[PDB]
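2 protein chains.
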Amino acid sequence: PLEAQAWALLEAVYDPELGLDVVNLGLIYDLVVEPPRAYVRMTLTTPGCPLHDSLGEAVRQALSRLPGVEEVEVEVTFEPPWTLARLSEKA
Amino acid sequence: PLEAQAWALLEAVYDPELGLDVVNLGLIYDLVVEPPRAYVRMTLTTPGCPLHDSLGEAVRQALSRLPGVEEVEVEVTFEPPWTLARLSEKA
Numbered sequence: 006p007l008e009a010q011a012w013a014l015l016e017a018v019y020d021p022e023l024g025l026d027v028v029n030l031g032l033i034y035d036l037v038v039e040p041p042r043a044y045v046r047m048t049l050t051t052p053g054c055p056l057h058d059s060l061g062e063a064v065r066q067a068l069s070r071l072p073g074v075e076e077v078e079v080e081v082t083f084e085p086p087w088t089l090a091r092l093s094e095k096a
Numbered sequence: 006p007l008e009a010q011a012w013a014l015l016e017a018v019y020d021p022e023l024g025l026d027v028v029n030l031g032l033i034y035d036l037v038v039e040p041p042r043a044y045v046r047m048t049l050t051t052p053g054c055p056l057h058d059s060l061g062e063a064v065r066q067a068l069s070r071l072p073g074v075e076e077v078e079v080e081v082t083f084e085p086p087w088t089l090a091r092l093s094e095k096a
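As you go down the protein sequences, you meet chains A and B in turn. Heads up: the first sequence begins at 6 in UniProt numbering, then just goes up one per residue. Heads up: the second sequence begins at 6 in UniProt numbering, then just goes up one per residue.
Wrong hints could be hidden among the right ones.
If you want the ones that stay clear, here's a sample from chain A, every Cβ over 10 Å from chain B, calculated [to be verified]:
1) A63
2) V74
3) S93
Below, computed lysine to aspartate or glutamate pairings styled on EDC-like, alpha-carbon distance capped at 20 Å [what the hints assert, rightly or not]:
4) A:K95 x A:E22
5) A:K95 x B:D35
6) A:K95 x B:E8
7) B:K95 x B:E16
8) B:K95 x A:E94
9) A:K95 x B:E94
10) A:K95 x A:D26
Hints are computed from structural coordinates only; laboratory data are not their basis. Here a beta-carbon is modelled for each residue, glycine too, at the ideal position from N, C-alpha and C.
Model the full structure from these sequences, guided by the hints.
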């Protein structure tokens, strides 16, 4: 139940450079919600670590909206590296 | 607006070895058009850096045709490495 709610929350988190949400952009690589923990592995649309990972922060915030989730681990990785081929049909 | 125009321009940029355009070939990994800047991350069909990156140059030229784009950054990468699995249905 929380898994579906989690996806809806992420679908509302938008990436400024592409004007699309992180889910339809294909940036979410793994998502596990098991109270009191939530884990998400995601990537960014361009290589390199930004000075402020605001997108990762937005994803963390969204997941924290879930009831009973006291710890949200957001791991940002470039493996595998992202490309537009990961866009969903809707995107 | 410019995003759709950008794609059309790239769809007219052809790769000699395969006889197909860079878009349907799946060589474009990321595309961001935000005047006065345009950024594109792409790859080539074979490993290695060529003496003259003619295809990369053709992509840069195509994007420069967009109104208000005074700077076009074309990044050529091999991550992830390209294969024919990236061809579009049309291709």
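Here's how the hints hold up against the structure:
no., hint, verdict
1, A63, "holds (18 Å)"
2, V74, "holds (31 Å)"
3, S93, "holds (16 Å)"
4, A:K95 x A:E22, "holds (18 Å)"
5, A:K95 x B:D35, "holds (17 Å)"
6, A:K95 x B:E8, "holds (16 Å)"
7, B:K95 x B:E16, "holds (12 Å)"
8, B:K95 x A:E94, "holds (15 Å)"
9, A:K95 x B:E94, "holds (17 Å)"
10, A:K95 x A:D26, "holds (11 Å)"
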